[PDB]
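Yeah, one chain of the complex is gone here, protein chain that is, but the others are all in their spots.
By written order: A, B and C. Residues from 1 in each chain.
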Amino acid sequence: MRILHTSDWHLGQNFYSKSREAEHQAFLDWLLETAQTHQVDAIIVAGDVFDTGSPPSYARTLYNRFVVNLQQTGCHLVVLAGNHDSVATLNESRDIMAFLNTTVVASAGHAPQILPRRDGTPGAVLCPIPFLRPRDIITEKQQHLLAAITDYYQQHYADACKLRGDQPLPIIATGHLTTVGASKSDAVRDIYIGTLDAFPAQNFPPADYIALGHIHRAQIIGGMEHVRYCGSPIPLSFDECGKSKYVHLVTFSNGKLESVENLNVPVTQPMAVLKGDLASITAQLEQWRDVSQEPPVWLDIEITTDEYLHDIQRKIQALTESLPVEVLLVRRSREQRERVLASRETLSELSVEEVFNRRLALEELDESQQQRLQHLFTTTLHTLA
Amino acid sequence: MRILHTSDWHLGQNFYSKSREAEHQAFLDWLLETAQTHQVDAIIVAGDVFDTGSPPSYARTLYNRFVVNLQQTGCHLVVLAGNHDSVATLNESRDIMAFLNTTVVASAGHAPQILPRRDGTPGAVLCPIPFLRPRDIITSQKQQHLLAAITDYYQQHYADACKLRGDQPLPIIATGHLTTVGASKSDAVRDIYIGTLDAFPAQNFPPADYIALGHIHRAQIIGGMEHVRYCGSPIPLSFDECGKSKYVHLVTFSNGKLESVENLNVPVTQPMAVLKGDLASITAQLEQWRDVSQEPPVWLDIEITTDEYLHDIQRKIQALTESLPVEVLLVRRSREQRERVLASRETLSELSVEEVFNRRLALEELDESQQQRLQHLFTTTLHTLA
Amino acid sequence: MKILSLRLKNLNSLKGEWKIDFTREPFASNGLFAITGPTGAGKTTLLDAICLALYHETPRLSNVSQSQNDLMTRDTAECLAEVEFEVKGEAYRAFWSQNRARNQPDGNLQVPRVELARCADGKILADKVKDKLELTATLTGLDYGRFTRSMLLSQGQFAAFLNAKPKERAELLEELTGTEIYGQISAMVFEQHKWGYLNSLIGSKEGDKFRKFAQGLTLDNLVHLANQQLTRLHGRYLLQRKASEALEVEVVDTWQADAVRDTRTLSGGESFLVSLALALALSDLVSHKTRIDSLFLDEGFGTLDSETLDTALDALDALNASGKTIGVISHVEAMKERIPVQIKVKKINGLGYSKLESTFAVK
Partner (left out) sequence: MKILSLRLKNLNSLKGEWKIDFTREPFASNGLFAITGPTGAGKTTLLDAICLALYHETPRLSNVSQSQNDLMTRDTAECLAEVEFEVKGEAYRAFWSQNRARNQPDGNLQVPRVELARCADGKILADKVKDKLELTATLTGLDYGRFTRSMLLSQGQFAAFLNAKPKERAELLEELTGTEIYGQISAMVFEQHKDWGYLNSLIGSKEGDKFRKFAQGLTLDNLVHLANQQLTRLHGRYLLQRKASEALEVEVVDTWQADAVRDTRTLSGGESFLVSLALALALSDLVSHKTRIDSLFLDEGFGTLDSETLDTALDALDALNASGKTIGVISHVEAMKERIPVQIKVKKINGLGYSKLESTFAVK
C-alpha cells in the first residue's frame, strides 16, 4: 500500500509578523492533487501540526478545509501530536474526526490499530506514538527517561506485532523526538532540556517503517533506510533551503518496505540569507538586479564585521529601494554572537586576588606593574590575614 | 414532518461555581432517545448554545458527543447563534459540521435552504436567522431605524423563502433570537439592545407557518398567535425560573400548514428552591425536607426581607442546614429591598445652594420653627454676599 | 475636556507622521473603540502621546527635556506630539517638539520648543513650559496628577482613583464642581453669628465644612452612578461613601450579608472592575465646570479570566449609543471581535519599527 509521510507543518506560525497562509494553502492544494494522482492509501502527519496551543482562526480554517476536501478522495489522514500541539484541543475533536476517515492521537496509550487501503482491505498496522510528555510515561534521570521511552516503544511494537497475527501486514511506527546526529535548526524548540540530549537509534524496535519528525530537515538516522525524517514542507527559520523540502511517498510490498520516493514540494515564497560585510552584501544583492519575481523574496541581512554602529537600516533600505526584494531582518550575525561569551562561575569561592586580577586586566600593566603592584597587594592581604 | 424545537441550552454555564454538566448530560441523553422514539427529522436549537465565547473543555465535549451520537438516528440538527455564542468559533466548524447532517448558522445573510425529511424528500424550508448584531444589518447610520432594519430583514428573508417554496406547499419555518413585547423576562437573560429598541412588536413578524424564537427562558406564546412561540431553556438557568415549565416543543406539520404544537416536559435531575421572608419563615420552609431521602441535594438560596441579615446569619443558616440533604448555595439579602433603594440623578449643578441647604436640614430632625427661623436666616444671606 | 484629534511623529516605535482624528467617520458613530495589536506593537505609545503633548510627561518617563529624551525613536532626528482638545465649546491645540543637533540621528538634544494656541484665532497662548503648564491647568482645570486618575488610566495603575488618598479625591471633586460660593456662605456664619444653630449645623471656620458637605453630596451622586454601572460588570460588590469626615468610598459585599470593607482589600481583577465602573461613572457626571468626555483605558483585561471577561465585555457594549469617546486598549483575543471599530497596530516585518494604518498617515 501507499502512504504519504510528512511532518512539522507548524500551521499558523508567526514568522516575524508575517503570515504563512499562502504557502500552506498552496502546499495543501498540492498535497491533495498529489494524493489523488499517485494513488496513495494513507497520509501520516507526525506532529507539530499547529504552531501554538491557541492557533489563529485562519489556521483552524486551513486545517478544517483540508480535512473536508480530503473526503472526496478515499484516503485516510492520520494526525499525531508534536511538542507544540495542545493536547486537549486535539482530544476534544477526537471522535468527531473519526467520522471523516481521520484519526488523531495526542495522549499516550492508544491501542495500535489497523488501516484500510482504498478498497477496505486491511493494509498495514501502526503503533501511534506522539510526543511523550516526561510526566506521562514515568512514575541517572537521563537513563531513567531513556529506558522509559525505550520500553514504551518495545511495548507498543510488541502489541502491534501481536495484532498483525500471521498476516501480510507491515508495522508502521510514529514519533516526534530528536535522535543522535541530527541537523538541528532554530525553528526546532528543545525537548527534554533538563534530562536528555538525543536518542540512540538502536533503541528503536525493528519495524517495517519508523516515521519520525521533530527536525525540520529531511535526513536518515545512521544508515537504517527504514527510519527516516521528513521535516517541514516549508522553510521555517532561514536555515533551510528551498530544495530540501520533501514528502516521502512510501510504498510497501507484501509485508515489507519497498520504496521511499522523495518527491519535492515546489516553492511559493523563497527566502535568502545574506552574510558578510556591506560590500559583499551589495554583491549578493546584485543577483536580483534584473529579475522580475512576483512574490518578493524575504531577506535576512546579517552583518559580520563592526559596521553595526552605523546607520545600517537606512543604508540597506536605500539599497533595496530599486530591486523588488523585501527585507525582514538586519542583525549582527550568529557567528559573531557565538563567541561573545568569552567566559565565569561566581565570586563566592573566587579570591580577592582574582578580583584584583580582573581589576588589573582593564589596566595597562607591565611586568614591573604586575610585580610591583601585585606584590603590594599580596602582602597587604596577609598583613591583615 | 415532525421537528423538535428547543433553545437556550447555555452549555458550560457557571452557576455560582457549580457545573451543570450532569444535568446537561441527562438532558442530551433524553433528547436523543426522545427524538428517536417520536420519529423526529430535525432538531432546531434556536440560540445560546454555549454560555461564553470561550467555553470550557467539557462543554465542547458535550456538544461534540451529542452531535456524533446524533448520526445513528438519521436526524438533521440545526444550530443557531444566540447573543452569547461567539461567531468565529461556529464559523470555523461550519463546513466540517455540514458533513454530519448538521447546519450551523452564525453570521447574518445565509440563503434559506431546504430540509430533507427522514427519507430524503424535501420536507420544509427554513429561514435561519440568528441573533442579528447591530452592525451587520445597519448601514453607517434610531429606535425606528433599528426596528425597521430588523423588520425589513425578516420581510426580505420570508420573501426569499416564499419564492423558494414554489408550487409545492411546504412549511417555511422562520427562526430567531430576540426579545418581544410580551416577555416574561428573567435574570439569566442578559439584556440585548440596551441602547435602543428594548422590545420588538409581534405584528412585525412575517406570516410564516412557524416562527421558532429564543432568548426567553420560559415557555410562552407571543401576542396570542399560536405559530409564534418561545420554547425556553430546558433547565433552570437562574433561581426565578420554576423547575416545572421546562418544555421541548414537538411540532408536527401537515400538508404545508401547522398542525400540532406538543409541549413535552424535561424531567428534573437537580431540584432547586428559593426561600424568602423572615428567618422563622425560612425555618418553616426548611421543615419540608426534614425527612425525605433525596439523593441529589436541592440547591436552595435564601433571601431575607427583614433586618436579620446583620447578625451571624450564615452561622444560623448553616447550623439549621446541617441535618438536611440540602447544600445551600447562597444567602443574599433581598432583591425587593434593592428595588426600593433607588428612591434617591439630580446633580448639584442643577441643585441650588438652598437645595443643598435643604438636604442638610433633612438630615436633622428640625421642627417648623427651626424650618422657618433657620430657613429665613439662610435664604436672605445669599444676596448679602454674592 | 474632549480629545478631538492626535498627531504624532516618530514617537516610540512608530516612525512616521501618524494622525488620528476622533471627529472623522469611524469614531463619531460608535464612540467606543479599541486599539488592538500584538505584544510590543506600539499601543501605549499613542496613549502617552496625548499626555506628552499636554503635560510634557509620560507614566513611565518622568523627565523629557534637553537631558534624557528617552522615548524618541532610534535612528531619528526629531519627534513631535500634538493634540487637539476642546473645552466649554471652544478648541485648543497643544504642541510639543524636539530635535537633535544637526538633523542627525546622533547629536545633542535641544530645547523642546513647546507651544499652546487657541484654534479659530491663531493666538499663541504660551511659549514656555511653565506658562503652558499653568495655562492648561487653569484651562482644562485638571493637571497631570488628576489627568492620570480621571481621564487616562495608565497601564498597571487603573486603581489611581479608587485607592487614592483623601486629599487627591477631594481636589478632583473640587475641580468637578466649583464650591467657591459654598465656602463664602459658611464663612459668613462664622461672623454673622453675633446665633449658633446655623453655626453648629453648617458651622465652619473658613467655609470648609459646607464645602465638605457639598463634596459628600457630589460623591454620593457619583457612587450612585457607579453602582448603576457596576450592577452589570461584577454584581457582587457595591460602592458606598464611608461614615467619616474624609471622603472615602468602600465596598459592600452583597454575597456575605452586605458586610462592609475597604477598597484596598479587593482583588486584582475585582479592583479593575470597580475602578472601571468608577471611571465610567465619572464620565457620565455632569457639571458647569470641566466635564470629562474622553476616556482612555490601558490594561486590566488580562487580570480577568474568561468567564468574567465575557461579562465585562458584554457590559461594555452599553456605550455605543452614547456620544462619549471612550477608547479602550487591549491585546486580548476576545476583544478583537466584540468591538467593531478598531485601531490596528502592526509590526513591520520584525525590523523593529511599526505602523498602524493606511488611512492615518499624513504624508
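In the analysis below, a residue touches a chain if its C-beta (ideal position, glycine included) is under 8 Å from a C-beta of that chain, and two chains touch if they have at least 3 such contacts.
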item	value
Touching the absent chain when the full complex is considered, from A:151, A:326 or A:363	A:363
Identified contact with the non-displayed chain, of C:259, C:286 or C:361	C:259
Positions on chain C where the hidden chain makes contact	12, 38-40, 44, 60-61, 70-71, 74-75, 155-156, 253, 255-256, 259, 261-262, 264-265, 267-270, 299, 301-308, 331-333, 350-352
Residue numbers in chain B that touch the chain omitted from display	16-18, 54, 312, 314-315, 327-331
On chain A, residues whose C-beta touches the chain left out of the figure	14, 51-54, 86-88, 134-135, 141, 189, 193-195, 308-313, 329-332, 343-344, 346-348, 352, 355-356, 358-359, 363, 369, 372-373, 376-377, 380-381, 383-384
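The rule is simple: only the chains that are shown with their structure count from here on.
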item	value
A-C against B-C, pair bridged by the larger set of C-beta contacts	B-C
Approximate Å spacing (C-alpha centroids) for the pair chain A, chain C	47
Two or more partner chains touched - positions in chain B	88
